[PDB]
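What follows is a single chain, given as structure tokens, in the form solved without its partner chain.
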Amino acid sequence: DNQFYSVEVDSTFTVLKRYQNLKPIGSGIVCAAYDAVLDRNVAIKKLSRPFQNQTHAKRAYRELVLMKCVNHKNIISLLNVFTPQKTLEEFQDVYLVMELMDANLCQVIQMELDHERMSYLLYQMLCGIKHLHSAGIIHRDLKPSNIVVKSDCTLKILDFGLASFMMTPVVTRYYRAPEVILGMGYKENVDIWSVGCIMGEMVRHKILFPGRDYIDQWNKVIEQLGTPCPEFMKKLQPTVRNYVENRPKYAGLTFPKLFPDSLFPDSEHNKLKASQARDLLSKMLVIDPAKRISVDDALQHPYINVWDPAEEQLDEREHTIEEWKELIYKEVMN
């Protein structure tokens, strides 16, 4: 009779009966399942009471909305959105359904990958970001835990970035651009830094800029790339300027030392690709956005250009719990 059924997977998933054989894959928590109507495997993500606070509410709502503003194979697209609750007063949970993938990009980064695989992943990450930029969306918080891959090397970005306080048991900040670390103005190529942080981790198999807080993180950036030029300092607020100028200076190691040929593959082809990879890196991991490569110029770097012309409820302010609940509920039921 009822359209939904419930299964305990530490959380309770109450889902439509078309979705069967639920099992955990990652932590909103996400299950894999078989969709009997579409005859294919899907992923299901549960948002529990996303209206419970402004952080969860703002992200749930904008990401629900922004779905309909994007249609790109490298960007998440939803197959289904539902709530088992029957009315606004009873509304609690949102379920989101998408194509089931094979792995998270974190897992992929731990593997040795040939240049064909690495360069195609990056090409796709750059297409996605370019498509987001075309639709007036600048991510600013791209990181591998929110990117998923299929065995055929195809990739999808699952989130839409920054618009705080978290009352729960943490956010990953290591892929954020200096503009974000230091609170500067930004433009599209803020997202290139993140790609470069991913690319470099693919090579080194270690997070490039770890740290407890932005303090450590910035140390790691300067120690490795050197202190930026005065033209960069002038773009900083006077208070963060004082902070940055008074940190110990650093000459900054060259990129051959940062990514030596030992981390790259036996053939002239691989020798040439390694130098092209290092080159792209050195253009992406550039502290000053004025001298950092753009999405378009990156897409035509020789490392990347081997992979196609075909491949070219607005954001709201602060609301209360009850208003967010209604905004989100309405979106779920168009």
Contents of the next structure:
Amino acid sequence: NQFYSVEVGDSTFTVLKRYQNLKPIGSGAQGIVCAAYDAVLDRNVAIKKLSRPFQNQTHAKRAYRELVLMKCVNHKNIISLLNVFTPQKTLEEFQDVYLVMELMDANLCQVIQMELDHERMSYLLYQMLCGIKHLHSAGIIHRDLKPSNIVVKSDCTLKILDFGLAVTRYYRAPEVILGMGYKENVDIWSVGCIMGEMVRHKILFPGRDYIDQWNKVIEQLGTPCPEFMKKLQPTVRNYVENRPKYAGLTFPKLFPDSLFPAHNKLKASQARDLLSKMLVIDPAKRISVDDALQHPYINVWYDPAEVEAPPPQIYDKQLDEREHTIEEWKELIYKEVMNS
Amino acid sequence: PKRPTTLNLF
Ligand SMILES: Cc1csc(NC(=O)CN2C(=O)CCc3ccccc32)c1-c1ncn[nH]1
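Switch over from the form solved without its partner chain to the form solved in complex with its partner chain, please.
Let's see the whole complex now, leading with the same chain.
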């Protein structure tokens, strides 16, 4: 209806007038993101300007997926799209796409370094799991969970940003980092990387090449079982099979009482227990989302409304699948980018 | 069943 410009680095953000006080909160390959005041909601929001949405066919497919994925989901633990607009008034001059989302205070990078009692820890992890489960029910496996795309508010609420997906390696599941396939509990690995790191205040599995990432896995978790190592392509296996053979450090050693709110013992053994089940190299031995939510450490928080909530749509397995011209991707995206 | 209401982001 009416737009104005604000620079923002080398980029120009032309936005609806209701969005004011734009300042950069993050950037990368997806696009540049500002926090902004929304005059019409009297609330702060995040504006993302998509990075060259129509440079080529993968850029365009990625922008339409952002949008069709968003409008498969509606949950208190998932960042929702509030608005999308374009300053261009006709299909043929259309180029720029802005996504407007909920804003939070901070990512989990802050929080991992502080020192939480059990209810906050347990309550953050519970909200992470309700968000993850809602993604999975919609046909979305995230694969790229980590502290930086999990965002929080000073009222202790929490949302998961994109999905996944979309350097980032530390939190990626062994089935991923060894090119096996994956299913739903691939996100369970990552929750254990976050949780384990929340308790220990350092990255569970550092390095700097996958090579070194595998080292820290086995150094701490021991070498996996021989059967697991058959499932691996002859090439990954040869490598993996011929590394040093660790027994693993065990979970009491990795995460001793000294590291927790204490009795409170109980209690630490509940947290230790969940981690012993989440951080399991073999996805076939790893806890699922459901059992992690039914787990005594998380299950205190159980609400049917937050857990069993079905998604507005299950995501079209495929189309995923399906190509269009850049003229025909434009049409589909413009359609959304003024979709009322 | 009473959740935290605060998180020290300060
Ligand atoms: C798209 C998006 C929707 S919400 C959100 N960010 C947050 O909720 C938390 N958040 C960050 O994490 C980066 C640092 C920061 C500074 C000011 C305000 C919020 C944030 C983002 C975002 N933050 C960084 N990139 N993208």
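Residue numbers count along the first chain shown, from 1. C-alpha atoms forming the largest set that superposes within 1.5 Å between two forms make up the rigid core.
> Go through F259, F82, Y120, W218 and flag the only one whose CA is off by 2 Å or more between the two forms, rigid core held fixed.
Single hit from the list, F82.
> Does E99 count as moved between the two forms, where moved means a C-alpha shift of 2 angstroms or more after fitting the rigid core?
For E99, whose C-alpha is compared between the two forms after core superposition, the shift is 2 Å or more.
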